[PDB]
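Quick heads-up: it's one chain on its own, the form deposited in one PDB entry, in structure tokens.
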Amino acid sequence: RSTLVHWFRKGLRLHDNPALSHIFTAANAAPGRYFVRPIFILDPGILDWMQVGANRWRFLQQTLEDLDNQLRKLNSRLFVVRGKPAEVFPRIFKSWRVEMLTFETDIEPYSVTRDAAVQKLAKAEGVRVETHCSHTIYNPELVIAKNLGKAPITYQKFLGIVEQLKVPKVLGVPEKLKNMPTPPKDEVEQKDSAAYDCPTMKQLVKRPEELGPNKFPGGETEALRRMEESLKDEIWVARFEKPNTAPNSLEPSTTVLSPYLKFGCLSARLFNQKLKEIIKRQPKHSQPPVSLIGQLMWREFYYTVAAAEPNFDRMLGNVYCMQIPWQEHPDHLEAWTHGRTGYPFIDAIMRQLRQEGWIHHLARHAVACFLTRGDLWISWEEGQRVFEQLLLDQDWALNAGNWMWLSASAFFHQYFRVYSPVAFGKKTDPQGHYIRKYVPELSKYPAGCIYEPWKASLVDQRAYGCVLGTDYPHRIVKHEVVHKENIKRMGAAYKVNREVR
């Protein structure tokens, strides 16, 4: 009796998962030939390629738990195999007699190399491999192809291309498995019958002191529930313009579906379709680039360009990337990293980020601009690695692309527009409630200088119960000097990059 395997890596969902649905329609088509083994490989070869904070482990733990619950409703379960895909796949091809493997494709360099090996090792043992493209609405490979073998490097050019492509159908949830007993215990399940069960928090999070409030639980269920809440107000959705959403509202002012889209708990395609249904009922609506569909198209865009370039997360060797002489400065990196910059707005954001693992897009803008071209002149690659650790939604392509944007290394080139770490947040939080929350030491300062504590006299600071240099740090740089100064470094860097290009 041969086994059918779906491999979860992303696409952590039952709904709109063609790679998964094939296995289930295939098993039900000829029941009694097949066992079904939906697996997720807990890969230690991931921790040596990337950084993973506690908040995101909890998210993964919860997603895997929810994914297991849902598979059980389909008379199956999730099998969590510990091991590196190299050691794991040849063993399970053998002991399970794998007739077919399926998975959702990924453009990310680690997974491309991982996939090739498995694609090859599957052909070595005659296993059929059927991959699907469902993490994105459009296939980056086809987007590139229709643009004559090149990735379009502007948003509008990108839209023109994808409008010429038809959208795959959004699949529902797969068929409940019929007349299908549980698979026989392999060599590993015989030693330990719980070997492939869901990791507990204790097992997965080796670091529980670094967890913050569980504001965004993982899993398909919470993803679907949150989308429905996010789209309940159809007038809000129609008129949605990203630039008018607050970075410092205590409640998130956007959908916060990014972590769900990153793990594939929510299908980008389903989400796109729910929006398109709202568009019909609400013909007066925002367009790209600022609308919600437009935000999905940004995801698509960055995935396309990234797909074409394996050095996309890196300045050197990156076809898109401006070559800029960033400084090494450990003290300033360390201060930015732990929200100890002395600019309360920046510090507020980095602390929310660390504690909760999500921050608003424009909050990311503010801190990224500050780290790179705005103030500290530190490479975007560093900011990337921090975000990569702290973000629930860390996504290789998205993190890289947006970091290159904010440093004006690629895609964005108007480096004379520099965010003010003092001024930016005032429009949406003039009282500084956001700062009072994440920088509690300053929570008794008057609004007139909570963004600029260094304007308080010493006696003022004492009366506010927080002296600068002791209870909260002196600002590590003077924005009003360094941003003009950096603008001229950028002018200089661009001149050099032209004189090659």
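Numbering follows the first chain given and starts at 1. For the two forms, the rigid core is made up of the largest set of C-alpha atoms that agree within 1.5 Å on superposition. Residues that one form lacks are left out of the comparison. What changes on going to the form deposited in another entry:
Once the core is superposed between the two forms, every option in 43, 441, 68, 452 stays below 2 Å in C-alpha shift except 43. After superposing on the rigid core, the one stretch of 3 or more consecutive residues whose C-alphas move by 2 Å or more between the two forms is 43 to 50.
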Contents of the next structure:
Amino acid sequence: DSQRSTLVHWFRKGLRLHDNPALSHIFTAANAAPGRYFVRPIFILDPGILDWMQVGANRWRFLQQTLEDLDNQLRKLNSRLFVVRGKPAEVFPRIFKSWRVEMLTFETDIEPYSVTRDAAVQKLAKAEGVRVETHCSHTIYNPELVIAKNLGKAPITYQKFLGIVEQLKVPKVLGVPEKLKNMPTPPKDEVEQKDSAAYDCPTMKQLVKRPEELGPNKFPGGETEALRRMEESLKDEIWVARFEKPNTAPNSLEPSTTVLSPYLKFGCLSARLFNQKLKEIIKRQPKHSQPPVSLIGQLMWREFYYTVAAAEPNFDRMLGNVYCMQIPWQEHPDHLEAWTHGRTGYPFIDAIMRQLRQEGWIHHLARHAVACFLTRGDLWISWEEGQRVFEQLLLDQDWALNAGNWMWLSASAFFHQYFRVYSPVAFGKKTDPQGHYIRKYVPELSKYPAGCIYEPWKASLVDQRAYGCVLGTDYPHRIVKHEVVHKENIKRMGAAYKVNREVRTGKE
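What would the structure be for the form deposited in another entry, given that what you showed me was the form deposited in one PDB entry?
Since only the chain itself is given, any partners or molecules it might have are not part of what comes next.
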């Protein structure tokens, strides 16, 4: 066994065993040629990034848990995870030689950074004699094929996108890979010979530098929890079939939706598996909703944003972004800081921003509320600042999805009915008239009557004292007046739309 070659699967996203072609191919190959190969499933961890502030503690914890679950599952196939510390640029040249790699597989990714990184690896592999198999299993439909089907253009409307993808084939959904037979552990490389635990899963202490930012562990990481959570969500087939996104609550104390987003984001759950489960349920349920609103439709919204994002390296910025309306956002540093930390003085908005920071997930319509307030609705701050904060705090932080919906919400792309504006005060009342959500995440206001808990400034000073929370002392004065600024912002939006119309017809 001093003559074996190594087959490598590289996990970046797709942190799962189920429905993983790139991974299954590796395991099938090893079992086909017994005694021929060694198998190294790996995750590359840059130890320098741990202090990057664009990754919150909660997301680090989620990744830590995911890596441990992935190692446990690989253990059952007579394998394990190898978490190799370093950067791909130095790691691969070293391990290609060290491990005598014959093949390298991974799941493809459309994010710019990932496109250039992978291209470098492909170039190295080519020159070094290592075969590379890539698979597009992160999404149901391959953005490339969708764009090609639509004559070289990413569809910019949902219904057109649907019209294209129903013409495309849906790939077969795989099971978990086969158990490796006659696979002894590979010989230690020079790094392992020095430290036997060099490729072990990172500890919490290792991945999480600021444990004080950790909140309640409501959504544990990993494929196991992913599948358990999915199964629980699909248990009630009526709820699933009649799902309409607009009717789900932003402020329910428990999630009104599936909360599968962190799992789909990391690849802990296969979007293709989830799509298949849904379809089987809809066939059994005669009464059911349709896209855009349906649960299947939500999954297609994921696919839509990935397709437009795949055609635009600047997707996450206003300038140079083909889709994006050019809007004169302003700098408001105090207001930005107050929004960022849930200190706007709008209890509903503050409640949401605090849940987000604490727990890593907020409901889609809660995101609408705070995104609207930040941008077109009140503060007139750029969506790129909001995007940045979300990137830091969300467990499900996704380059394409985050950019896409921020553009939607700011009416910069895809959505253009800017006359519709969420009220920081009224929107939440509909589903939570008593303000239970506010009382929980803004505890200082928990004695306010429902009559003014969404608008504490309506309470007199004597009232404020009787509720044991005086505005300007225990809770902030509202940083702006929604009833005024939103009307003026509407006109700013109309004005900016006009300027863009000129430019568009001006190039003709």
